[PDB]
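Asker: Below, each chain spelled out in residue letters.
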Amino acid sequence: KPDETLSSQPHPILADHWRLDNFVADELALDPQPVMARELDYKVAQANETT
Amino acid sequence: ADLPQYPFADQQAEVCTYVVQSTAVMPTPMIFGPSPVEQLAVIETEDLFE
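In the order they appear, the protein sequences are chains A and B. When we follow the working numbering, the leftmost residue of the first sequence carries the number 1, and every step to the right adds one. When we follow the working numbering, the leftmost residue of the second sequence carries the number 52, and every step to the right adds one.
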């Protein structure tokens, strides 16, 4: 097998808006949040981004 | 019922002037429930908890 390492994945911080986190609000977050496509690779079709 | 104060100028006047000072510590079984807290305007205004 070849190397199993990702190459197409946006940077979590530098590929998104620079916003100030609300730590107090994040404390009250113990539920499963969505992880939509376009957060894993940039090789995503137009329709698949929202999925 | 009427004891005159001969040595004093006024017989009907209250000659003495008393100052009392009492301090009491009394263990009691009363609950003495809690002390509430004030409300912060920032909360419920800027939605810190969302």
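Hints were generated in silico from the structure; no laboratory data involved. Just so it is clear, CB atoms sit at the ideal spot from N, CA and C, and this is done for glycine as well. A few of these clues could be false.
[What the hints assert, rightly or not] Each pair of labels, with its calculated beta carbon distance range: (1) 31/A <-> 84/B: 53 to 61 Å; (2) 29/A <-> 93/B: 17 to 25 Å; (3) 88/B <-> 10/A: 16 to 24 Å; (4) 46/A <-> 89/B: 33 to 41 Å; (5) 82/B <-> 51/A: 33 to 41 Å; (6) 93/B <-> 9/A: 34 to 42 Å; (7) 96/B <-> 27/A: 15 to 23 Å; (8) 89/B <-> 7/A: 32 to 40 Å; (9) 91/B <-> 30/A: 19 to 27 Å.
[What the hints assert, rightly or not] Over 12 Å on every C-beta distance to chain B, these chain A residues come out as not near it, computed from the model: (10) 3; (11) 10; (12) 22.
Asker: So, for every hint listed, does it hold in this structure?
Answerer: Evaluated hints:
no., hint, result
1, 31/A <-> 84/B: 53 to 61 Å, "violated, 35 Å"
2, 29/A <-> 93/B: 17 to 25 Å, "holds, 20 Å"
3, 88/B <-> 10/A: 16 to 24 Å, "violated, 44 Å"
4, 46/A <-> 89/B: 33 to 41 Å, "violated, 52 Å"
5, 82/B <-> 51/A: 33 to 41 Å, "violated, 58 Å"
6, 93/B <-> 9/A: 34 to 42 Å, "holds, 38 Å"
7, 96/B <-> 27/A: 15 to 23 Å, "holds, 19 Å"
8, 89/B <-> 7/A: 32 to 40 Å, "violated, 55 Å"
9, 91/B <-> 30/A: 19 to 27 Å, "holds, 23 Å"
10, 3, "holds, 42 Å"
11, 10, "holds, 26 Å"
12, 22, "violated, 7 Å"
The structure shown violates the earlier hints numbered 1, 3, 4, 5, 8 and 12.
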